[PDB]
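Enquirer: Once you've looked at the hints, dock chains R, Y, S and W against the given chain H.
Residue-level listing of the chains:
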Amino acid sequence: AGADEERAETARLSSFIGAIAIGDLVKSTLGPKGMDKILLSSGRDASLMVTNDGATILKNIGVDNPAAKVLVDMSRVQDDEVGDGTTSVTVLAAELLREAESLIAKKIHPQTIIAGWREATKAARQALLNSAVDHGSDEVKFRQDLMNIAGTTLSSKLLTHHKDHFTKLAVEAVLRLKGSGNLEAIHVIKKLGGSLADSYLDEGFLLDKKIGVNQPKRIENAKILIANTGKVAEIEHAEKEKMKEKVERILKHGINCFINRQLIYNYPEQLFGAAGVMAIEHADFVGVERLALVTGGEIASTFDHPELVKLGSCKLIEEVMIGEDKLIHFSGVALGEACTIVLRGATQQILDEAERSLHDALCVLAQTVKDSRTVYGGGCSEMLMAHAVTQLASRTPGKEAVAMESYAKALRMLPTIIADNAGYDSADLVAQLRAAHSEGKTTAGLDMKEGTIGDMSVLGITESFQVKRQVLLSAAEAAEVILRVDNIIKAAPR
Amino acid sequence: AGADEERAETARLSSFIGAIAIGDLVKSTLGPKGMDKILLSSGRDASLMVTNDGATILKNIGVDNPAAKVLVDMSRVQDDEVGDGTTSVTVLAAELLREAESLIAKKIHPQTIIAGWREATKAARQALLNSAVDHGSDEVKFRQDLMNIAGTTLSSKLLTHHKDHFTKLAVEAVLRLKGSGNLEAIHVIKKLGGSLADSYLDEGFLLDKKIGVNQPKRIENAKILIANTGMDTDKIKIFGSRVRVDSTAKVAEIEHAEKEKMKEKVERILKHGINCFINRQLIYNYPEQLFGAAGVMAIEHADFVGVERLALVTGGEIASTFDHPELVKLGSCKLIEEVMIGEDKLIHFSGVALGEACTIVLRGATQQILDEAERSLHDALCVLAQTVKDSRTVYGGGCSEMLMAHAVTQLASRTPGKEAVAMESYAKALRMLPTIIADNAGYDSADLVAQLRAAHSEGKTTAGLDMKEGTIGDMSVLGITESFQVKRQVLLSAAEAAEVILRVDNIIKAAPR
Amino acid sequence: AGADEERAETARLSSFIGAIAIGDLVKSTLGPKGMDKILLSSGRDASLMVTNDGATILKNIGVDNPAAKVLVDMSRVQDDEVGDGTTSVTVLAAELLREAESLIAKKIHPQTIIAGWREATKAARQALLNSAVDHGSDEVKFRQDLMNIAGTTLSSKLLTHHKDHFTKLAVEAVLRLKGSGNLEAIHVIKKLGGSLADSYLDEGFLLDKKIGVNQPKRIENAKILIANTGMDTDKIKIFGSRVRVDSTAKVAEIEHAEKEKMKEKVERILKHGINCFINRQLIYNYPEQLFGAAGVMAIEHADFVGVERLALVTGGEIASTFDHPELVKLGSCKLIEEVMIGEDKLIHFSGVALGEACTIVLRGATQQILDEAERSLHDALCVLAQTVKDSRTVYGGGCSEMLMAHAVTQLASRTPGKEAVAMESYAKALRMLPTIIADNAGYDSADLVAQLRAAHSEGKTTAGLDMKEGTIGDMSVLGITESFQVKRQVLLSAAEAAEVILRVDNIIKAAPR
Amino acid sequence: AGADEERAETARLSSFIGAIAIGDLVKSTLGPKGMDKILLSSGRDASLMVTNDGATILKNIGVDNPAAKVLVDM
Amino acid sequence: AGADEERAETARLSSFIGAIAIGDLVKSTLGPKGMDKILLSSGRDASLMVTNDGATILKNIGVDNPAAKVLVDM
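Chains as they are written, first to last, in my numbering: chain H, 40 to 533; chain R, 163 to 675; chain Y, 163 to 675; chain S, 728 to 801; chain W, 728 to 801.
Keep in mind that a hint or two might mislead.
Derived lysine-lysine pairs resembling BS3-like cross-links, with alpha carbons at most 30 Å apart [said to hold, decoys possible]:
no.	chain 1	residue 1	chain 2	residue 2
1	R	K269	H	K76
2	R	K284	Y	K630
3	R	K423	Y	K412
Beta-carbon label-pair distances, calculated as ranges [to be verified]:
no.	chain 1	residue 1	chain 2	residue 2	range
4	R	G641	Y	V501	40 to 48 Å
5	Y	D207	H	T49	40 to 48 Å
6	R	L337	H	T49	55 to 63 Å
7	R	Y448	S	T737	56 to 64 Å
8	S	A773	W	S742	42 to 50 Å
9	S	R739	Y	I182	52 to 60 Å
10	S	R739	W	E732	26 to 34 Å
11	Y	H418	R	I503	30 to 38 Å
12	H	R164	W	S742	43 to 51 Å
13	S	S741	R	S619	40 to 48 Å
14	S	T737	R	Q443	42 to 50 Å
Derived, one-sided and incomplete: chain R residues facing chain Y with beta-carbon distance under 7 Å [as the list claims (entries may be wrong)]:
no.	residue
15	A163
16	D166
17	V232
18	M236
19	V239
20	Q273
21	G402
22	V662
23	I663
24	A673
25	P674
26	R675
Don't read these hints as lab results, they were simulated from the structure.
From the three backbone atoms N, C-alpha and C, an ideal C-beta is built for every residue, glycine too.
Only chain H is shown next, with the shape it has when bound in the complex:
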């Protein structure tokens, strides 16, 4: 069908509506008492994705007629170099649209106004390296390593009652991660729960498959094999020969485990159990890719593949009881370049937040190593910057000022949101918060447990420095695309 005629004010309006609908949903996602969102779609989606991470669910789908899919896409690039903390970039971009009504009031030309975004970009950078912060994050760091940003990032997530402990664990993972490679080979999965620790850290790669109930429970001094490839009587006999080749080569090596990214033939299965060797059927390729760098890998060919052409690391491979369920552990990698992170939880399918909380979590502290720079958490950064930015609008010659001042007041909502969900009155909170920040103590912040304000450093909360520099540059520009575009050329069968 052909239709959907919109121009000037109406076209702008479609942009306006997309921003307002998203902001309300992302609005309670910022701060300690964030709300759990669960979202499902038919087909290949699967089942359980319950999303507390605003960036993850938005990126995955593009369900309806209004245009906003592209703005959403932009947040992930931010995510790769830093992302989260709490999802605030979309909210700030959305609130900018409200002033668009005032743009018609200005009744001249919208283009003159958008130059403010460039200026906003400068505003972003002049809100970065001036108006100091923590100056910590020395490296490794026994106490400031975490119990920090993750606690605040986790704050938006309900599981904080036992999860805040989990959060502390995540920086240990980054300490090993830092070095020779980059942000690579990190795999983490939730395993519901039933322990105070709520997580065990694996010295190596995590896997979840089983050949069958029969077979040896444990393997030691394990060699790992990964394979790319999966007179009538003599034909039957020939099958025995495949069995024979597999066993003869296997015993000399001492093979303790076999993993293959595809269907496995039944005959060899009987052999592995008697030998004392555990095999994996249809293991995910991605897990293997991570594993090859870790174990020194090998060359995956035909059955010539064992012995020297393949390298097998030998610390400990076992199936262990994790709180309740069984999960396979590949561990003790000599290289140390790549590692695996394991976490658990209370279990209300809100625990699944950890599946994507973690996606934000993974990038933030890995980043922390690289930055050697961080900022105070609990919204400490936001109030300080807000006090400084209000002055800044007049500081600029013009054009820059109008957009910069509106931007400045935007920061006010974040402190409000952090304590709003906290179970305390936002109004009392916002006023008291500013007095401590304006005073000159950067350590002062939102003490959510307290219900008032306190020393953020004592609590132990800091945010990656990159989250603040990139987010500010990214937010203004992500916001600019929807306001600057009046009339999006299309055709909408739907």
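Expert: For chains R, Y, S and W alone, coordinates are given in the frame of chain H:
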């Protein structure tokens, strides 16, 4: 009783909409180059009324269901003791409501947020206590009679191409109006004729009526007679019925009786020397022939409002039945004549010895734009009276508003907890006025706000918004000033009811029904 | 009888909806941080009446189909024996209905639950001589006359800027009022002029009518005349007609007859020395000329209600036909004059020998809030009259409510069978009042409930809810107290009204007494 | 401050339309080859009025809501 | 079959409308302070393309009934 149900959120919203709708119409009105709004209504008024005075049009009309009429009514009290200058008070109150949307995000206690009105008590302090206003305004005064505050009121008005001169004329009117004798008897009308002056100053009161084609053109040492009761005769309270009589002989006396009414009017009118008669209603035909021969000019259906002012003017009289002439009536005697003005014919009453009452006649092109002068003039009469004895003023063109805004921002953060949140919101309220003044001048509002703040911050209270310039300049050179009371009264009204109830800042919302 | 078919749960629902709808609107009203109210109507109401006094607005209108008007009607009965302080009785009755939802799960006999209210009679009785209160209220009094409860009634009202001063004035009025008769002859009129004091106390009665432009301005040793029959003479309900006269000559006699009515009025008016004449209805024109020369001030179409109070004031008189002068009329003599009060002119009657009847005049800033003062005075007068006779009052600010709640909690588990479930629920009802009082204050209600209970439990009766502070404080310094009978009657009344709601099949409209 | 309202650009159009309508009717009137115009309207006029002079015809009638009559009077 | 009927002067309008529709999107783009636009579409398109070049975006698509594609082609 009945209809229109609103509570909490929805009710707050109705207040919200009323403030935003009024702000846009008043928005074009403020500052040295404003815009004209022209209104036409049905069933109770004659035609197109155009007002550049926000106060004048608002008092007259309650157009629709949303609430705004009560806020509007209050501005009039402001006029009686100060008023006008430029209409800025309504704008400050409206912008207060915008912050309310950000309050729902907080979702708990607007009242806790509200810490600001006590903080805004500060506005009563900071806005109109720092900066030395004005002082002397001696008396009569040669040069300082005008070319200052009246001009600013008018500059915001479009007619300034020629009306700046008109404003200058108005203080001359106030000089005669100063002293002892009350603020009364000032009459002004506009004439459809173009001239450079665009206005004429009369020595007395102007009226537009004539006896008829016959009668003397001009009278001197005139005696003025005003009667409450009409000249018409016949019915009386009891008819006496319509009679028939015993022969043609007695019907004659009835006609004769009519002659007697004619007789009384001339016989004692002559002793007085009566030169002019003014009656507010229908006039009987018989006297009309008599007046022409006598040399007396009478006015048929004279407007009552003109009459009451006229009595103050000539010392007045007691108006009753035909006994009213001679001593019971007092008549001033300089010159009464009918004089053609530009094109139309008008009758001029002048030379009143008492001097308390005077009249101003405006002249113009014949455009709707011309009707603008009527709106500006009303504004001017009120402005000058207040300026002369208030002995206090503030720098105009938004100079006052930017300064206070800088000061109020400091107040936020300085106060510790609870107190800070509303005080900043109150503070941003000053920012929209700078925007309102720039937008109507055709200059980019965004660019203007940034450059404006830097000059005010520096400390020159004189510097403000110059619309002709498109940027910022020295307000004092322009001669743009606002009276102290206009600014002072509004801040208390905004922070009056606001204080004590929900005792603090971010008001109103609905209550019962 | 029988038309509206609603049964059991649906019938209950109509009662249920009426209580919740009224509770939210009245909720703002109860504490020192209350709010004013705006109302809109069509159908002979002509203007918006601002009323935060819950009793006044509820009585005036029966807005919709669900029943509540009879429940509403009853609160006035409370009003003559006290009525105010702050509204609250309606809220408590409403709060009981919401837990009825848990009673459908219970699914038994609504009436069995009702035994709680008979139990509540015990609560009513033991809430008496349990609270611990103030004594005193001697008579007249030195410094406890006010700055107390009237101020609290006012605090819930938006007017408490200028107004709290007005309240202070009201006790002076009550001091003259004491004796046997309780509330006769008390009148209040709003003034539109501006004064910081905002009120003037008249020693007599205030009207607002004038004879005409002429007549002496001031009268001394005044004699007062009141006539039932009008000065006008002619038609009656049997018509003279519009008569027939034979030759015009005889129409003259009718004119002469008019003169005779004038003659009677002047001849005996003079002997008395008549200084003022008050007539409730239309006045005939002929006497009007007479009164001016005589030196007598008369009032045309005086309102009858004003006259009746005035009669008690003067000493009374027998009103009949023109024979009415001298002894059949009793005139009080002090001072009768028309005095301009800063703006709109009024006539002031003063110096009453009786002293029982008095008039209070209010002045203000000039707004909707000013009309509010009329609303506030009505509440102020009633409280003080009650305070002297009761000789007992209780601590305000919800101090009374928390103390009783602590005591009632013990009672529920201790009592036998059906009594236990009933008594426990009644006890929790008291808890909501602390929450409502705190919420309008500007401070957190949740925090407030816990802190409140700890101080009351301890044994300090003085301690209560402090709304401006947001925490618990000492009520006695504040000056908020409630009349002792307000609490006695509410306790007994609340239980009886709630009890009948579940029982009755349908609700609809008013008829009892 | 309201009545029949149109704002800025729409408001401009009402004045804009009145001028274009008058210009075409009057253009044929001018010079050696100008032509006579006749008007007919309902109620309170009669029937055919012909006015060569542009001023005489405009003054006589205020045909519709859009503004132009004040311009015409001058 | 038959829905929209156009002749001579209105035909000019359909042609007129195409020029105004294109001009608003293009004008923002012109000069040192221009803007970027994103188009979704469906079928034989990998993902939304965002084009600053007026020429590139117009060549790639022929969205509707009014005639403008040929003007674009040149």
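Enquirer: Please flag the earlier hints that this structure goes against, numbers listed from lowest up.
Expert: The structure breaks only hint 11.
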